[PDB]
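Below sits a lone chain in structure tokens, taken as the form deposited without this ligand.
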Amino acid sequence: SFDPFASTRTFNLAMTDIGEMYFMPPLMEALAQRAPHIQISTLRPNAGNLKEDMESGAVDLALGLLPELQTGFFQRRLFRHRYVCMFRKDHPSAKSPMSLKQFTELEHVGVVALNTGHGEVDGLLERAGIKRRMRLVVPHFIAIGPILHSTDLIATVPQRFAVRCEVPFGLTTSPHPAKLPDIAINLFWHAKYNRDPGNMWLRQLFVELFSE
């Protein structure tokens, strides 16, 4: 059985940096009263062999868009968030909602976001004929907040990311002028642990906390 309160067990959760920045604060909040003695540890999906690890029990849950997890895996879609345009509050030019015209007038900071749901936007936009001035290109999102705060660069980020960054770095978000598809976040677990007490508990909590 599983006693969430008395549990000393450790859960290993695979997620991206966007998902980690979004899920972790609220989860650690909820676990404070529900499961004060358990331990959480996170990894990047790409960090190794997600497939083979979730199956052996090394990874308990995976989060994000993971087309590679098909056979042997259940998935419970949590929500969708769309792409927004982020720039600093007191930007001299930027307006909201930003027009597609100004979007290409301004300079950008682009996240490669290689091998995630967000690495797709770069080609989606260059195929749409939308040419940008990437003054800067970084692999991940850790510095997007600070960079937008000190410059006149604009960025295309997941709306969940802006949720965590708007107030802290004094930024404004705009509905994305481009026709960008929604990015779906799913809850993944292996069939082997479909009826494992612990796994059902944690994944039910994720649903309770983050399901739209």
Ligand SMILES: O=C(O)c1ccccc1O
The other form holds:
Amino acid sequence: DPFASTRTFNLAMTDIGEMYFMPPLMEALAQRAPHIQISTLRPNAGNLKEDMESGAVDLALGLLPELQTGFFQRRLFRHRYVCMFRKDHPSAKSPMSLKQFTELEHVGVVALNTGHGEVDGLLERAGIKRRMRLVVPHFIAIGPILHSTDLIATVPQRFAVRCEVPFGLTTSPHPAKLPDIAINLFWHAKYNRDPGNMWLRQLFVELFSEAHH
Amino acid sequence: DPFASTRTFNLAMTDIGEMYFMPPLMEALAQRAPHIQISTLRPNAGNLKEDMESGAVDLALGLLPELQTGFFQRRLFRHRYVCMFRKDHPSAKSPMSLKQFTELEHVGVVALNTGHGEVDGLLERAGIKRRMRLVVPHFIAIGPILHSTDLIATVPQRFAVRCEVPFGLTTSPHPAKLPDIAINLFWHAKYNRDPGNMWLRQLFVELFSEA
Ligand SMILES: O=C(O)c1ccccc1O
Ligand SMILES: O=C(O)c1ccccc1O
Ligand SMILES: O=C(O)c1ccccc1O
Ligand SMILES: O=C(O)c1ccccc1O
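Starting from the form deposited without this ligand above, please write out the structure of the form solved in complex with this ligand.
Okay, now the whole complex, with that chain kicking things off.
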């Protein structure tokens, strides 16, 4: 049944999603359905809405404003933005003050087709105009960049904690008031009742849902 | 007038390019041109050739055979593909044999609009069939994924070497016959004499060219 499938599922997610969702998913699949193949793609890859409609993309994961309307969507968890910097930073402290946040230099991330791109506008509207020497499209490059510079960054908490040891970095709670990050699972009405889709949806829900309350 | 420039330069490069190029560039810029901004994008974002022509993208860095004719270029350095897997993998050995390579499960990297996209085809044509359990679009997530699974991957060596300690990975010379990876810097002829472009190109050559 589930054990036997050799179906390939295609999943849209960010690079954080790849490092976060893939290892436990692979571990679960080796226990439960060891022949299933998984392919990922970034939320910006083509025509996400069209590709979910046609069935080329089975599921989408993340903070995804594109799909806020015509799609089924289930919340997996919430987490916050934190500030991150190298463990031996010459001046950065935790907790970091707004003043210090505005004094330091930043690397920014433009996560295309995600809601993370609201961050710069939200800070700007609060009067926090960062000295941002570098802007990159995506998140994982942030680890090595912070490891070998005095830059700081604003990043999702669940990504940050995964960088602390590998890249020798520390986090601070974020001095600015930023909304919570809702990481959701999305699917198109067409596959609402497809057995294989429901099974993979249920697995994501089981593996990744916040113990709510 | 480098020190006073507030120019934003738009650079096309991979996730590997960002981790490798950006920290020394960041350090040089703080010292020579602290008001310059650098914005990156992937080689696959929009269409590279037109954007370099328009000055939408100033410079491209990486393995980019589509720019190999009709663009200016300088070689920065060369390196090879290697096989990478977690240090305590139950069976994977270094050096890995081609037989073992064909037996183990892989994480593939599709790698669009770079030369790395060709790996699947050189292997497939040579008759080296891989059991591809997981496919991702880009390289940089391979580090965390190998660390926490039993998969193996084929990856650029200079990238692989930066993963070894952070993620507890080992490498092997690659059992298959694969081409060298030439990492070049490219620009369009139109900006050949643009002063800010010349200045930044020359900074990349200074910091990264082994030639
Ligand atoms: O921002 C995301 O896409 C994300 C994905 C998985 C886990 C945490 C995250 O912030
Ligand atoms: O349609 C499938 O191949 C399938 C896959 C996983 C679980 C249940 C299924 O029917
Ligand atoms: O593949 C790349 O684009 C690359 C870039 C910088 C250093 C090593 C690399 O392989
Ligand atoms: O001439 C410019 O516009 C310029 C900009 C940045 C760095 C060096 C430069 O000459």
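Positions refer to the first chain, counted from 1. If you superpose the two forms and keep the largest set of C-alpha atoms that fall within 1.5 Å, you have the rigid core.
Core-superposed comparison between these two forms: among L69, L148, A162, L187, the single residue whose C-alpha moves by 2 Å or more is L69. Once the core of the two forms is superposed, the Cα of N115 has moved 2.8 Å between these two forms. Once the rigid core is matched between these two forms, the CA atom of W201 is found 0.7 Å away.
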